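Novice: Chain residues, written in single-letter form:
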Amino acid sequence: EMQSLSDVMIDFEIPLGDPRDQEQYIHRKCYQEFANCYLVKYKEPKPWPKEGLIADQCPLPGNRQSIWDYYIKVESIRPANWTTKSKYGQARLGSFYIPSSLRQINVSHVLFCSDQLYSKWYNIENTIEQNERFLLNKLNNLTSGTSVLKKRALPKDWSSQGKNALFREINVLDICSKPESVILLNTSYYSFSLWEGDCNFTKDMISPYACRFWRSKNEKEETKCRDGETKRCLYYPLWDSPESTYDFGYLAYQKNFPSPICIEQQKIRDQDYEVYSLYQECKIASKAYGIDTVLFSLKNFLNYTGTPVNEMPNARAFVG
Amino acid sequence: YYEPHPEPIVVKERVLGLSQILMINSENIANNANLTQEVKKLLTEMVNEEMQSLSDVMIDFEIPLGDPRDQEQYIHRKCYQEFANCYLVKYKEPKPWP
Amino acid sequence: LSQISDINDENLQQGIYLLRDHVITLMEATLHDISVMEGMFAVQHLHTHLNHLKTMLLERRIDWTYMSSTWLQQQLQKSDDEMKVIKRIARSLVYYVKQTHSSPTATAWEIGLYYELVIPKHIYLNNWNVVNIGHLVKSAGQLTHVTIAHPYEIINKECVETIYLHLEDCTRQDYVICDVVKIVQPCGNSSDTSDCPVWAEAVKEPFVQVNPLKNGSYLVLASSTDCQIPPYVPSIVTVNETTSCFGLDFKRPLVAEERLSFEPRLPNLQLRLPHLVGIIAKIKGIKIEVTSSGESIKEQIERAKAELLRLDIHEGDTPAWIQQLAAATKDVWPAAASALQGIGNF
Amino acid sequence: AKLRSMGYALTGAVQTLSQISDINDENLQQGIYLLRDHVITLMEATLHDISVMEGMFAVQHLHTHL
Ligand SMILES: *[C@@H]1O[C@H](CO)[C@@H](O[C@@H]2O[C@H](CO)[C@@H](O[C@@H]3O[C@H](CO[C@H]4O[C@H](CO[C@H]5O[C@H](CO)[C@@H](O)[C@H](O)[C@@H]5O)[C@@H](O)[C@H](O[C@H]5O[C@H](CO)[C@@H](O)[C@H](O)[C@@H]5O[C@H]5O[C@H](CO)[C@@H](O)[C@H](O)[C@@H]5O)[C@@H]4O)[C@@H](O)[C@H](O[C@H]4O[C@H](CO)[C@@H](O)[C@H](O)[C@@H]4O)[C@@H]3O)[C@H](O)[C@H]2NC(C)=O)[C@H](O)[C@H]1NC(C)=O
Ligand SMILES: *[C@@H]1O[C@H](CO)[C@@H](O[C@@H]2O[C@H](CO)[C@@H](O[C@@H]3O[C@H](CO[C@H]4O[C@H](CO)[C@@H](O)[C@H](O)[C@@H]4O)[C@@H](O)[C@H](O[C@H]4O[C@H](CO)[C@@H](O)[C@H](O)[C@@H]4O[C@@H]4O[C@H](CO)[C@@H](O)[C@H](O)[C@H]4NC(C)=O)[C@@H]3O)[C@H](O)[C@H]2NC(C)=O)[C@H](O)[C@H]1NC(C)=O
Ligand SMILES: *[C@@H]1O[C@H](CO)[C@@H](O[C@@H]2O[C@H](CO)[C@@H](O[C@@H]3O[C@H](CO[C@H]4O[C@H](CO)[C@@H](O)[C@H](O[C@H]5O[C@H](CO)[C@@H](O)[C@H](O)[C@@H]5O)[C@@H]4O)[C@@H](O)[C@H](O[C@H]4O[C@H](CO)[C@@H](O)[C@H](O)[C@@H]4O)[C@@H]3O)[C@H](O)[C@H]2NC(C)=O)[C@H](O)[C@H]1NC(C)=O
Ligand SMILES: *[C@@H]1O[C@H](CO)[C@@H](O[C@@H]2O[C@H](CO)[C@@H](O[C@@H]3O[C@H](CO[C@H]4O[C@H](CO)[C@@H](O)[C@H](O)[C@@H]4O)[C@@H](O)[C@H](O)[C@@H]3O)[C@H](O)[C@H]2NC(C)=O)[C@H](O)[C@H]1NC(C)=O
Ligand SMILES: *[C@@H]1O[C@H](CO)[C@@H](O[C@@H]2O[C@H](CO)[C@@H](O[C@@H]3O[C@H](CO)[C@@H](O)[C@H](O)[C@@H]3O)[C@H](O)[C@H]2NC(C)=O)[C@H](O)[C@H]1NC(C)=O
Ligand SMILES: *[C@@H]1O[C@H](CO)[C@@H](O[C@@H]2O[C@H](CO)[C@@H](O)[C@H](O)[C@H]2NC(C)=O)[C@H](O)[C@H]1NC(C)=O
Ligand SMILES: *[C@@H]1O[C@H](CO)[C@@H](O)[C@H](O)[C@H]1NC(C)=O
Ligand SMILES: *[C@@H]1O[C@H](CO)[C@@H](O)[C@H](O)[C@H]1NC(C)=O
Ligand SMILES: *[C@@H]1O[C@H](CO)[C@@H](O)[C@H](O)[C@H]1NC(C)=O
Numbered sequence: 001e002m003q004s005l006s007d008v009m010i011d012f013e014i015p016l017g018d019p020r021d022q023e024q025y026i027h028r029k030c031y032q033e034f035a036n037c038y039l040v041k042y043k044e045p046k047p048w049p050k051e052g053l054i055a056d057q058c059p060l061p062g063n064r065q066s067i068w069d070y071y072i073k074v075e076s077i078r079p080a081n082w083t084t085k086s087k088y089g090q091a092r093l094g095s096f097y098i099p100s101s102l103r104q105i106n107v108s109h110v111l112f113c114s115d116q117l118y119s120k121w122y123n124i125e126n127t128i129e130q131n132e133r134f135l136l137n138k139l140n141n142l143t144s145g146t147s148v149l150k151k152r153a154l155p156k157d158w159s160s161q162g163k164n165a166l167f168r169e170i171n172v173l174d175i176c177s178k179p180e181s182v183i184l185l186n187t188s189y190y191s192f193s194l195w196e197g198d199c200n201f202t203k204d205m206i207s208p209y210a211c212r213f214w215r216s217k218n219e220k221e222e223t224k225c226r227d228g229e230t231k232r233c234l235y236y237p238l239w240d241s242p243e244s245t246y247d248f249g250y251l252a253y254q255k256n257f258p259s260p261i262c263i264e265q266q267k268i269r270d271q272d273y274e275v276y277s278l279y280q281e282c283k284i285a286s287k288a289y290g291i292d293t294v295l296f297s298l299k300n301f302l303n304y305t306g307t308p309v310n311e312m313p314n315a316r317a318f319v320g
Numbered sequence: 001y002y003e004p005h006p007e008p009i010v011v012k013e014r015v016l017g018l019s020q021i022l023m024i025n026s027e028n029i030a031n032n033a034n035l036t037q038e039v040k041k042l043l044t045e046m047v048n049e050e051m052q053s054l055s056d057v058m059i060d061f062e063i064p065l066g067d068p069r070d071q072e073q074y075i076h077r078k079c080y081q082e083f084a085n086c087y088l089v090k091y092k093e094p095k096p097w098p
Numbered sequence: 001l002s003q004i005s006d007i008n009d010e011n012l013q014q015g016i017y018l019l020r021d022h023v024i025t026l027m028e029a030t031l032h033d034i035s036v037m038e039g040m041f042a043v044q045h046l047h048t049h050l051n052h053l054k055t056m057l058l059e060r061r062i063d064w065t066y067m068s069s070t071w072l073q074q075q076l077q078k079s080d081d082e083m084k085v086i087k088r089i090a091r092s093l094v095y096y097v098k099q100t101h102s103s104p105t106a107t108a109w110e111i112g113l114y115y116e117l118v119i120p121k122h123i124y125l126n127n128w129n130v131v132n133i134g135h136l137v138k139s140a141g142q143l144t145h146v147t148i149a150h151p152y153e154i155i156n157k158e159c160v161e162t163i164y165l166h167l168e169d170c171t172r173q174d175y176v177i178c179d180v181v182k183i184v185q186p187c188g189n190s191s192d193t194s195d196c197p198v199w200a201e202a203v204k205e206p207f208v209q210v211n212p213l214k215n216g217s218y219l220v221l222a223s224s225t226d227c228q229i230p231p232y233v234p235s236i237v238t239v240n241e242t243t244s245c246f247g248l249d250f251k252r253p254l255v256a257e258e259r260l261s262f263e264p265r266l267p268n269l270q271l272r273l274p275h276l277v278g279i280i281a282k283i284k285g286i287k288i289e290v291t292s293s294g295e296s297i298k299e300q301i302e303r304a305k306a307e308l309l310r311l312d313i314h315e316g317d318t319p320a321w322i323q324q325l326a327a328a329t330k331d332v333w334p335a336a337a338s339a340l341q342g343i344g345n346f
Numbered sequence: 001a002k003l004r005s006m007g008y009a010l011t012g013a014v015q016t017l018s019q020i021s022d023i024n025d026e027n028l029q030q031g032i033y034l035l036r037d038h039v040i041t042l043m044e045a046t047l048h049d050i051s052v053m054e055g056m057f058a059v060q061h062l063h064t065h066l
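Residue numbers (the working numbering), protein chains in the order written: chain G, 1 to 320; chain B, 1 to 98; chain V, 1 to 346; chain C, 1 to 66.
Check the hints yourself; a few may be wrong.
What the hints assert, rightly or not - Some chain B residues flagged as far from chain C (calculated, every beta-carbon gap over 12 Å):
| hint | residue |
| --- | --- |
| 1 | 56 |
| 2 | 60 |
| 3 | 65 |
| 4 | 66 |
| 5 | 73 |
| 6 | 74 |
| 7 | 75 |
| 8 | 81 |
| 9 | 91 |
| 10 | 93 |
| 11 | 94 |
Said to hold, decoys possible - Capping the alpha-carbon separation at 25 Å, the derived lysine to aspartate or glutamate pairs in DMTMM-like fashion look like this:
| hint | chain 1 | residue 1 | chain 2 | residue 2 |
| --- | --- | --- | --- | --- |
| 12 | G | 29 | C | 44 |
| 13 | G | 220 | G | 204 |
| 14 | V | 78 | V | 179 |
| 15 | G | 120 | C | 54 |
| 16 | V | 330 | V | 201 |
| 17 | G | 85 | G | 221 |
| 18 | V | 157 | V | 168 |
| 19 | V | 121 | V | 174 |
| 20 | G | 138 | C | 44 |
| 21 | V | 284 | V | 195 |
| 22 | V | 284 | V | 331 |
| 23 | G | 29 | C | 37 |
| 24 | G | 73 | G | 229 |
What the hints contain is simulated information worked out from the structure, not anything from laboratory work.
From the three backbone atoms N, C-alpha and C, an ideal C-beta is built for every residue, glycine too.
Given the sequences, and given the hints that come with them, work out the whole structure.
Specialist: Structure representation (structure tokens):
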């Protein structure tokens, strides 16, 4: 459509001033490009610790879930002498494997561009124009000259002085929808396990599904072949397969039956995050250096990693 | 005295005349879009509606060029649009599935 | 022509040249977007395209969707901006529509489209309309309006140079299009300038004209003075404070911000007229040619002399005639005019 | 070659207003007065109907608008 129009119309000089000088043009252009884009700084650089994630609150395949990207399947056919240690390290086959890219030692900041972490003041039932004004006022009220957010803006998990004035808290089901966000931003890892063995929970120690562990341990891991120790051999897993049930730890998390749930915390990062607003920075820097320069400068910063964070699907747009 | 004349002015050199023939065939469209026999009806209705409306207001004009039926490009494209993927296989001799 | 490229041949003439062979086009090949859509999403996208096409053809426009830009530009050999102009002004004709096959599940149709593409020789952007205000003259008792027949209708000024255009055989297809455009010189009394004819016409006294100009000034031509403004010569008038002149309110304009000007600046010109021009315009009763811009004293005089001489003294209107002789003689010999006036009133 | 027309910027002067409401001012004259600042408009904000549509339905609605 746009090209067709472009192809028949020449340019005309109009005797008003340059839009680049006008505040409404500056403010609306920084908004259309950087409204929801924020930079978070760790107190110091500390990655997610483990490669294997136990997270039974998520349903398994058998809607789609984003965490199924990291799900390890259990396969009945394997090569000879095959072991999980050889491929997924210390992950439990049938759970989730976190790649080394998400666990970089030197990552000091997290850049994200999404609306999904705002506290109650934000509602998609309200109008675009209203939500704009509400954000625009909050970002003025939460900032003094610079682009650094006041600690008040943050959730309690990222700062002692956080009062959720801009951002909500991350919850237990957020891992299933938004994996990367949790892995990069959570200050602590919390498990949620219905696996027989964890927290020493033995099958006797219980003081259609009922009181049962989802996956029980088997004797060992093994394979057997028939003069063909290469391609196709039967595999016997160290734990059960959840394919038949698939809803168990989800339906357990929503309490529809009692069960022996296990939860353990593990600290990762100090609760002293700092947050910058790229929208507020765009407004501010454009007063000194003009918008053309600032816009091009900040657009390159969204591509620091080589993929521009703003073109990613909304829920998955988190980068260290 | 004088006033502006905002509109451009073009000096003519020559005119070039062209004839273009547009050909439409709903089966080609219905194959690609994996359409069902029900939606093939909708496509056929929708196309006739638009084409008939145009047909109803426009009379016929003689254009002083040779007949398209004599032109290769017309022949090639018509045979294609119709028969491109149509083939005839002959058995060595007639033998059915047993 | 065997190729579109041939249209650029220098030893052609201004006319219509047809490409010899028909362009053949299948819609299924043209509309890529539908090819990847499925079910009713495909159907509705096509409906939008077909309805658009129909809309363009009713307005005699060309829907360029069904022709390759690059191919056309590579055949025509033209700049990006020239192609914009070419594609704006080109017009379409439907010479046949034909259903070729009809089944309850399947149809086919054919359409014959004829296009005429104007090829530009030149394009002019910064243009002014002319307006001819003339001058008033008082002569042997008669008020006369005098005008020069200018040989151009447009002034153009792209950058610095100012050009005077005569146009012929024009039409509007968004822009103005003309067959013939002749560059001309302004009027003057010299070899290098145009020798334009001068027209006179008798007019009723008092004559007042006041045109409010858009920028806030007023254009005045009046037989009489008011607010200091000289009579007979026209002028562009501006005031610092609202006042009444000629029975209407000349307002102070609003302050404006300055910008780069493209206003023309015509040559000045001195024009001699016949001594009795007011009488010559009067006895005709119509707007009449009196001189040319360049014309010699001798040729200017021998023009109306026989006519004027045959306005001789008659038994029936001697007093009237004597009064006209006094008005004619006043400026030449005042002492004879006062005498003739006295005899006339006697 | 690069075209651009001065057809609306030929005269070398411009009369401007701070507010659309100013156009009603009695002691103006017949002429062209420009509002001094550009109106700035996002289409996302302007088309509410597409905001609550989803998938190819949203896309086809916008196509009809454009
Ligand atoms: C509403 O709209 C109307 C317009 O539609 C507005 O009216 C217009 O307002 C303009 C002001 O913005 C006026 O322009 C001004 O004209 C003045 C008068 O110009 C004439 O005199 C000049 C001086 O002549 C004497 O002195 C010289 C020596 O210096 C002697 O040689 C002479 O004998 C005299 O003694 C003279 O230079 C001008 O000559 C040019 O114009 C005539 C035709 O008018 C041509 O015959 C000439 O060829 C010549 O034009 C060519 O050369 C000049 C440079 O020499 C170029 O600029 C031209 O483009 C062209 O190539 C006239 O005889 C000017 O004095 C005055 O000058 C100011 O600006 C210049 C810079 O541009 C400065 O350097 C000066 O110092 C000074 O500040 C200016 O040009 C228009 O006349 C007027 N239009 C009409 C038709 O009336 C109206 O006001 C608007 N109202 C509102 C409310 O907005
Ligand atoms: C990313 O970061 C977010 C935080 O922003 C994090 O979300 C939090 O996740 C934790 C862990 O699931 C949530 O806390 C748990 O909530 C359970 C439900 O709370 C109700 O019950 C308590 C009282 O029981 C009430 O006070 C409360 O108001 C609710 O009504 C709660 O049962 C959990 O408590 C058990 O576990 C903790 C673990 O430290 C323990 O301290 C408690 O005493 C309690 O006992 C333990 O129970 C488990 C089994 O249930 C057993 O294994 C263990 O042996 C027991 N230990 C003891 C000592 O008895 C716990 O409070 C928290 O609410 C979430 N916050 C939000 C904002 O949602 C995500 O999980 C993080 N994601 C990842 C992947 O890291
Ligand atoms: C366009 O431009 C032309 C050229 O300027 C205008 O015509 C001229 O007008 C002027 C002013 O009225 C005339 O000036 C007078 O000239 C005579 C002398 O004329 C004789 O000598 C000239 C020498 O160059 C010669 O050109 C003349 O030839 C013309 O006339 C003869 C005779 O009829 C004819 O045969 C030719 O074919 C030519 O047509 C001629 O031989 C001079 O005596 C006058 O003196 C008076 O004015 C001066 C100055 O005020 C004063 O000092 C004296 O005391 C005296 O009062 C005066 O200079 C000129 O003759 C005109 N030339 C022509 C060719 O007509 C023309 O009118 C302009 N047109 C328009 C429409 O405005
Ligand atoms: C009739 O013609 C007049 C010319 O004879 C017009 O007067 C000119 O109007 C301009 C309007 O912009 C004045 O500019 C103002 O100047 C003062 C200060 O004066 C000093 O600076 C100017 C140039 O800025 C200089 O020209 C002066 O000589 C002084 O040195 C500023 O405070 C204003 O902001 C504004 O710039 C001209 O000064 C003035 N010139 C003359 C010669 O009068 C008049 O406006 C026309 N009026 C009508 C009824 O049309
Ligand atoms: C109309 O229906 C056909 C048949 O279903 C559609 O073609 C199919 O399209 C899919 C997706 O492009 C193809 O699957 C992919 O094939 C590649 C190559 O093998 C493989 O790498 C992928 O893993 C995946 O399997 C599928 O092969 C293809 N089937 C056929 C028979 O061509 C078609 O897209 C539909 N189109 C429309 C517009 O209705
Ligand atoms: C984001 O950054 C990447 C990496 O620097 C840019 O990708 C390069 O782009 C150039 C320009 O055409 C190519 O020639 C290179 O081959 C690309 N290299 C890689 C590693 O992709 C990319 O252009 C940037 N994109 C945006 C939208 O900013
Ligand atoms: C990480 O930082 C350390 C200390 O500066 C350095 O030795 C190492 O090369 C860095 N590695 C990467 C992957 O950045
Ligand atoms: C039992 O629980 C404690 C909790 O700290 C742990 O240290 C120990 O390793 C567990 N032992 C077994 C046999 O699971
Ligand atoms: C940019 O450089 C100019 C001098 O070239 C200087 O005046 C200006 O203050 C600098 N800073 C900004 C924000 O433009």
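Novice: Against the 25 Å threshold, does the CA-CA distance of residue 220(G) and residue 204(G) hold or violate the hint?
Specialist: Given pair residue 220(G), residue 204(G) holds - Cα atoms ~21 Å apart, limit 25 Å.
Novice: Can we confirm that no CB of chain C comes within 12 Å of the CB of residue 56(B)?
Specialist: holds, 24 Å
Novice: Quick one: work out the minimum CB distance from residue 94(B) to chain C and report holds if it exceeds 12 Å, violated otherwise.
Specialist: holds, 50 Å
Novice: With the threshold set at 25 Å, check whether the alpha-carbon distance from residue 29(G) to residue 37(C) stays at or below it.
Specialist: holds, 16 Å
Novice: Does the claim that residue 91(B) lies off the interface hold, with its Cβ farther than 12 Å from every Cβ of chain C?
Specialist: The claim stands: residue 91(B) keeps its Cβ more than 12 Å from every Cβ of chain C (closest is about 46 Å).
Novice: Beyond 12 Å on every Cβ pair: is that true for residue 65(B) relative to chain C?
Specialist: The assertion about residue 65(B) holds, with a minimum of 33 Å to chain C.
Novice: Regarding the assertion that residue 93(B) does not contact chain C, is the least Cβ-Cβ distance greater than 12 Å?
Specialist: holds, 52 Å
Novice: According to the definition I'm using, a residue is off the interface if its beta carbon is farther than 12 Å from all beta carbons of the partner; does residue 75(B) meet that for chain C?
Specialist: holds, 36 Å
Novice: Residue 138(G) and residue 44(C): Cα distance at most 25 Å?
Specialist: Holds: residue 138(G) and residue 44(C) sit about 22 Å apart, inside 25 Å.
Novice: What's the verdict on residue 73(G) and residue 229(G), does the C-alpha distance respect the 25 Å limit or exceed it?
Specialist: Given pair residue 73(G), residue 229(G) holds - Cα atoms ~22 Å apart, limit 25 Å.
Novice: Between residue 78(V) and residue 179(V), does the CA-CA distance stay at or below 25 Å?
Specialist: holds, 20 Å
Novice: Does the claim that residue 74(B) lies off the interface hold, with its Cβ farther than 12 Å from every Cβ of chain C?
Specialist: holds, 33 Å
Taken one by one, the earlier hints all hold for this structure without exception.
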